[PDB]
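Here is what each chain is made of, one letter per residue.
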Amino acid sequence: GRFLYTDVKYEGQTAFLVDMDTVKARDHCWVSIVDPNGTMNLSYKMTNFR
Amino acid sequence: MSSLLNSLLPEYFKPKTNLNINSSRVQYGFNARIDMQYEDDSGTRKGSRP
Amino acid sequence: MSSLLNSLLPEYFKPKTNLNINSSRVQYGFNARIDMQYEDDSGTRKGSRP
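Chains as they are written, first to last, in full-length UniProt numbering: chain D, 549 to 598; chain C, 1 to 50; chain S, 1 to 50.
By construction, these hints were calculated from the structure, which means they are not laboratory data.
It is possible that part of the hints are untrue.
With beta-carbon atoms standing in for the labels, derived distance ranges [said to hold, decoys possible]:
1) D:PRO584 to C:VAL26: 34 to 40 angstroms
2) C:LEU5 to D:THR562: 36 to 42 angstroms
3) C:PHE13 to D:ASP567: 38 to 44 angstroms
4) C:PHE13 to D:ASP583: 37 to 43 angstroms
5) C:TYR28 to S:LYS46: 32 to 38 angstroms
6) S:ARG49 to D:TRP578: 19 to 25 angstroms
7) S:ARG25 to D:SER580: 21 to 27 angstroms
8) C:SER42 to S:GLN37: 31 to 37 angstroms
9) C:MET1 to D:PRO584: 47 to 53 angstroms
10) D:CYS577 to S:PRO50: 28 to 34 angstroms
Built from N, CA and C at the ideal position, the CB exists for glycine as well.
Same shape as in the complex, but just chain D:
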């Protein structure tokens, strides 16, 4: 459940046009928001490995 930059599948330089209207909601916790505004800060902690 992570994103690597190699998923773009293009070595070299480019600019991306992100579709902000068609943002689907697959898995939603209470944290999950659709409309970001300004400077986005996300602080997560991982505990209880099994």
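We have chain D already, so just place chains C and S on it with the hints.
Then chains C and S, alone, in the frame of chain D:
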């Protein structure tokens, strides 16, 4: 070299003796708990993936 | 002996005057909250019975 390859396993995991493999495919992973905290110009939101 | 048998009831419970019993069977108990924490050789897991 047992002592070398035994060190690579994570500190929390200690596997048992036998393993009855009955297929040509095995998934291996862990069940972690994520405690996310979001902050932007609109406001704050706190969640938790159990 | 009121003062003797009154002492047996738990400190949190203080019952009211009247009780309209309308059957030959009465369940009595409490609704508690349990916060369990598990640890073994495989790893750790944390839950909560609300």
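Status of the hints after comparison with the structure:
Checked against the hint of 34 to 40 angstroms, the pair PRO584 of chain D and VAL26 of chain C passes, with Cβ atoms roughly 39 angstroms apart. Checked against the given bound of 36 to 42 angstroms, the beta carbons of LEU5 of chain C and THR562 of chain D, roughly 41 angstroms apart, stay inside it. A C-beta distance of roughly 41 angstroms is found between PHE13 of chain C and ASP567 of chain D, which places it inside the suggested range of 38 to 44 angstroms. Against the hinted window of 37 to 43 angstroms, the Cβ-Cβ separation of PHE13 of chain C and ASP583 of chain D comes to about 41 angstroms, which satisfies the hint.
Between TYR28 of chain C and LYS46 of chain S the C-beta distance comes to about 22 angstroms, which lies outside the given range of 32 to 38 angstroms. Hint check: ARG49 of chain S to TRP578 of chain D, Cβ distance near 21 angstroms, so the stated range 19 to 25 angstroms holds. Checked against the hint of 21 to 27 angstroms, the C-beta distance between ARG25 of chain S and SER580 of chain D comes to roughly 48 angstroms, which is inconsistent with it. A hinted range of 31 to 37 angstroms for the beta carbons of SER42 of chain C and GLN37 of chain S is consistent with their spacing of about 36 angstroms.
Roughly 50 angstroms separates the CB atoms of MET1 of chain C and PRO584 of chain D, a value that falls within the hinted 47 to 53 angstroms. With their beta carbons about 18 angstroms apart, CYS577 of chain D and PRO50 of chain S fall outside the hinted range of 28 to 34 angstroms.
Checked against the numbered hints given earlier, this structure breaks hints 5, 7, 10; the rest are met.
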